[PDB]
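Listed next as structure tokens is one chain, alone, in the form solved without the ligand.
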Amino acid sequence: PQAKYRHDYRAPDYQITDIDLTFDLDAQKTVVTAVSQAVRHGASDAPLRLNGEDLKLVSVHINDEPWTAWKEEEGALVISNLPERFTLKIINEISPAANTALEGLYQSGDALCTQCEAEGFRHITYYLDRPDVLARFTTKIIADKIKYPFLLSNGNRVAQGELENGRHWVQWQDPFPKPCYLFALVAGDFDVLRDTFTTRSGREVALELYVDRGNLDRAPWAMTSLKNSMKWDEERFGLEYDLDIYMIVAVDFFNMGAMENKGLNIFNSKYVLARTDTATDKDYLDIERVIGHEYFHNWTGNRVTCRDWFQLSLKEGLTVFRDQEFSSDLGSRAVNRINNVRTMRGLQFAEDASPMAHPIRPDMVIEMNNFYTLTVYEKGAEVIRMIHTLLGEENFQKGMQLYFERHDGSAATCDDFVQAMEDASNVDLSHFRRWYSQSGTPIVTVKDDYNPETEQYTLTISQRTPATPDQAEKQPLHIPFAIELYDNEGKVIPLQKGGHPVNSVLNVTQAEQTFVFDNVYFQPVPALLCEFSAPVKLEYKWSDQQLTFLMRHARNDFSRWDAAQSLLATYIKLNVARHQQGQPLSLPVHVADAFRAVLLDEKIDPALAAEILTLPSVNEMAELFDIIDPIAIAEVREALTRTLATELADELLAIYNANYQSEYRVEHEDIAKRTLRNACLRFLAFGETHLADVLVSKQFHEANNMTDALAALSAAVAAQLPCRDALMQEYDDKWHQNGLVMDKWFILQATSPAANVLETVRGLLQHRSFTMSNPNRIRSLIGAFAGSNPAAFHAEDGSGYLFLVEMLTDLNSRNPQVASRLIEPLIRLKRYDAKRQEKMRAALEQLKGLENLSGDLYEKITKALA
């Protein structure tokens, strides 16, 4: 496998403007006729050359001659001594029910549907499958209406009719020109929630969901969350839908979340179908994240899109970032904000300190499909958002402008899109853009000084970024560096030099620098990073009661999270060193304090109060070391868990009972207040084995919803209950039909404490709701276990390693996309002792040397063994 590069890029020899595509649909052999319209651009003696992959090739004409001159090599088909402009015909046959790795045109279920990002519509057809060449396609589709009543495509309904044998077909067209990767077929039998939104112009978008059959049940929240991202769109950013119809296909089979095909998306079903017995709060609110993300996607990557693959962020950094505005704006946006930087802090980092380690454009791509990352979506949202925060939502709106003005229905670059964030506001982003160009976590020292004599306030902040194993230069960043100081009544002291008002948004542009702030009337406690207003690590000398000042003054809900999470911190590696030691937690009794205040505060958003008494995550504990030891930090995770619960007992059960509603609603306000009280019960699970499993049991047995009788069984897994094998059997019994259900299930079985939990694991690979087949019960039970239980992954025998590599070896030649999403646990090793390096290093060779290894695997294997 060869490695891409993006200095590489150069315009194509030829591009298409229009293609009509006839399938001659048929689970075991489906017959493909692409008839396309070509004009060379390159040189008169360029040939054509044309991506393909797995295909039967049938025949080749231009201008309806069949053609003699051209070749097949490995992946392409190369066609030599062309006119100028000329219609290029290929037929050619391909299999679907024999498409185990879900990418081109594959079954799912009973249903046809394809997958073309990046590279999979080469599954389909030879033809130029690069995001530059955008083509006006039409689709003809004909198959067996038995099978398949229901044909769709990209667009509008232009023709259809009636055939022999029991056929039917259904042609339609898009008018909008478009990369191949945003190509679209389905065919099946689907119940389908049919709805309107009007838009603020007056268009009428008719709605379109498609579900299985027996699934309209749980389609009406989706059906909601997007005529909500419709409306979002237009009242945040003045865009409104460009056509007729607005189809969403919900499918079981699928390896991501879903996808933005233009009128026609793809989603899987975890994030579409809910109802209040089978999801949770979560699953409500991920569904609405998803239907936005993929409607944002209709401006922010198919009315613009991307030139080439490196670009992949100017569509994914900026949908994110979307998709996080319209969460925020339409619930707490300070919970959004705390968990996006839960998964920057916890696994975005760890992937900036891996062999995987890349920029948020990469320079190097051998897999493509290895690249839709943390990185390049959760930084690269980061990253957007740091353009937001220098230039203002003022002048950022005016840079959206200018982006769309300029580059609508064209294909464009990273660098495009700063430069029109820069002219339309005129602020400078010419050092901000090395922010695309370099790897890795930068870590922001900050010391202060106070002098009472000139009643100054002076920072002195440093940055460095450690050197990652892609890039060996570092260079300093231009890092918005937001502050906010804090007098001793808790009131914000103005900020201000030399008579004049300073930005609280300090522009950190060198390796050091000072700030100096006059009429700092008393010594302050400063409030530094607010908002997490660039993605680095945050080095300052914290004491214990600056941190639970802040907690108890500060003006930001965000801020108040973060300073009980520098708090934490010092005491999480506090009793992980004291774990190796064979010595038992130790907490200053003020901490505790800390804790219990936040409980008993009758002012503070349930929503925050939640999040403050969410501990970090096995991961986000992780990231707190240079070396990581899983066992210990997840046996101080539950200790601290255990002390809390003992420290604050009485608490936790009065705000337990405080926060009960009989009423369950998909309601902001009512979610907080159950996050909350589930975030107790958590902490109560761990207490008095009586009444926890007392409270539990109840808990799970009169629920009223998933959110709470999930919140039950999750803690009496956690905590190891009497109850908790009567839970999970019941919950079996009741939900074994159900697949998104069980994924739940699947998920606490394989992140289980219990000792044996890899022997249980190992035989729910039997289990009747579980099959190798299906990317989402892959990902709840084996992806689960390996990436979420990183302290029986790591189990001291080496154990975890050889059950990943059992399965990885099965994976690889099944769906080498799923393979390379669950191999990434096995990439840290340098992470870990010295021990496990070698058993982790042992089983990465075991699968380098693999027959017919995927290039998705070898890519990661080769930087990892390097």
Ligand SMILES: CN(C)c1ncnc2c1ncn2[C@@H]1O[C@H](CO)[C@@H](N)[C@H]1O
The other form holds:
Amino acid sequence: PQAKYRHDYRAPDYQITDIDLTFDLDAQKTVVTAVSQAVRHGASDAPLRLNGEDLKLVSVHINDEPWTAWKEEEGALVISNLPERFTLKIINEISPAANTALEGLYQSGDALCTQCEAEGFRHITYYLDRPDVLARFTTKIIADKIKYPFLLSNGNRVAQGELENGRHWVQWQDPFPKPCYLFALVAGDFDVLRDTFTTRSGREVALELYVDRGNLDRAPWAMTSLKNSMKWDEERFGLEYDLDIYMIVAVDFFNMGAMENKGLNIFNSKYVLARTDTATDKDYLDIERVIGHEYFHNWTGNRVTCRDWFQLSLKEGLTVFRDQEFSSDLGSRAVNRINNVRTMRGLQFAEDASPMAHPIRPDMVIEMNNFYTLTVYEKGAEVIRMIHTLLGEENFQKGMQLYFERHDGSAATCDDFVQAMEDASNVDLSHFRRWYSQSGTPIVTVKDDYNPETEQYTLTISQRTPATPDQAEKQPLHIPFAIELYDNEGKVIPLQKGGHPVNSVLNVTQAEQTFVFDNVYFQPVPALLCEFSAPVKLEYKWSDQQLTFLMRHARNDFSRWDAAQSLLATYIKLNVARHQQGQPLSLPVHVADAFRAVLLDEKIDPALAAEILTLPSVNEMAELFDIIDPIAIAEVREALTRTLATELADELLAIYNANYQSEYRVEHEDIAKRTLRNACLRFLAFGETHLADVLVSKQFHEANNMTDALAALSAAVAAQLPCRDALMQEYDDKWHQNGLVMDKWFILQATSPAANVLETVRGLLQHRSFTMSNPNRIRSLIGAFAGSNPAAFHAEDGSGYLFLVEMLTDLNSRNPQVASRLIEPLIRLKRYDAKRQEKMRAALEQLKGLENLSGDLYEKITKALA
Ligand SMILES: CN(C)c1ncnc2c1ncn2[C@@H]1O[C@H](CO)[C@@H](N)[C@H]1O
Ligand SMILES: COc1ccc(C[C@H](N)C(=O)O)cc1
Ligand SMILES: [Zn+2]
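Form solved without the ligand done; form solved in complex with the ligand now:
Now the full complex is given, and it begins with the chain already shown.
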């Protein structure tokens, strides 16, 4: 498995301009005919090197001459002695039914569908499987009409026919040149929800959502959200859909979330199907965001694509930024920002502190499917957001416009995007570019001084990024550091110096620097790194009173939340140390009082209250520590919940009841109230047993929507309430035939605090609703155990590691992409104590020795074991 390097990019020796594909479809043996029009750009003696995996080659012709000057080698078909311009014809066979990896053309239930990103098209035919080769596709699909009445590919239908022996065919054409990773094919029997969207210039677009039979009842929200996505992109970005038909297919078997194939997106059904009894508010909002994300790729990914895979963030950072802006504009901006910061600080930072650390533009990859990461996506988006902070909306949109003017219809680079933004705005991003090439989380240290004689406030700000295993050399970044200063009534102090305004985004560009502010008439309380203005760790010696002051007075909702997180972090760290000494939780009265104040403040948005009242997750807590003690973290989190539950009991029940809603609506104010209600229920579940048991069981039985039902259920499991087992069996009895709904239940099982969780999980491998053939079930049971129950995963007996090794031993062979996601918790071994580290290393060494170890796993194991 050889590493590939960004610096080794070279333009292709050959282009393909046009490809005509024919599929004689059958689940056991599909025959692919591919007729490509090729053009040599490189040296006249260079062979054409086509990529292919697991293909049975039938024939090779060049201008209809059977060719003799070719050879197959590992991963490749190398064709020699070609003319400058020619027609290549390849016939080859593939076997969809054999494809358990779900890469290429595969079976999902009774349907046939494709996944081609990143390098899946080479599993279908021999091709230039690189995203800087852009070709015009025509696709003819021949199949059994009964089995496959719908035959879909990108674009519009150009031809159709019927054949003997019950076969029929449809031919599609997509006018826009594309890299092969955006090819899609779907064949099956579906229900179809059909609608229309008219663009702002009057183009009528046919919208078509394909779902398995009997799922139309779960389709309208996804269609609503597609329309909302299209409107928003018009309003915010000025972008309109460019084709006549927009197709989405929801499939049950899919490794990732969804896929932006031009005009024919393919979605995991998790990110499509919803009705009020099956889906929670968070499912609704995730469908919204994923529908949006894939639609936004139509411009940022498809009309402008990636020169090479190391440029992935060019489309993914920017399309995540767009999905976040879409959700934030339609819904609660602060709740969005809060949750994206929780992901950054709790999950992304862990990656950046791990053996798999990489810059948002990687330099070295073994298996590109391993680089669809929190870093490339979420840190990628933070980097785009920083450009937006530095430029402002108007200049950022001028940059977007210049980026599309220069690069529409091409495969571009991250550097191209940054150049466009610099050139449009006249903001210098030369130093800023280091964010693309440097891995790891910068640590930003802030000291302050108030001089009452001169009425000046001085911030001394330093930065450093620690080395990471991938990069021994680090340098200072251009860090946009947003501040606000508050007087003692809570009013903002104007920032100025020498008689002139100073921008509140400080440019922190050196290892150390000072910023001096004049006409500061009162000692201020600072709000620092406002709206998480750069993806960094902040070190400032906060008093508890400065933090509770911000919770009361800060102008932006995010700051109030962030101040609450800073206040809790001190006390989480205190109590983890106490747990290690066998001492009970300790929490100052004034800290509990600040959370009481949030409960009783009628002026606070409920959406923001709910988030302040949602404790940091065990992953966020782990981020606070150099060495992670997973059992201490889990138990401290429960104890902190119990303490607050006891101290705030009466207020929690008052706010619980005050936020009752008889009508269920998927509307943002209503969601906010429900999130606050259910935030209170999490604490009330740790009340006196009999009170809690009744409250939680009542909500479970009386709920008129799945948000409320699942909140109750999750509380019964988290607090090990007497009603737990009955409620859990009630749910299984009701919902066992519905795998998406059962995933919620598997997550609850896997994340249970019960002593016997591992035994329960292992027994659920045989559950009627579980199967190792379905990525969503694997994620919901096995993934949630390893990744989201770090306490049971890191059981001192080592049983959690042994369990994961067993499951990876299967998955390595079955589905290496899912295996690679699931090994992540073992690759974090150097964050744990020595005894755990030795057990985790033994597990990794077992896996390193597997027969037929996948490249996907090999990459991660060898970084981990270094
Ligand atoms: C589809 N959208 C909205 C995504 N938004 C954010 N990250 C994603 C997405 N799709 C895939 N990813 C990334 O790939 C990984 C799957 O766990 C996630 N890390 C995620 O950040
Ligand atoms: C291995 O299968 C896939 C790989 C990547 C994706 C992500 C999709 N482009 C997105 O950004 O949502 C989807 C599937
Ligand atoms: Zn994407």
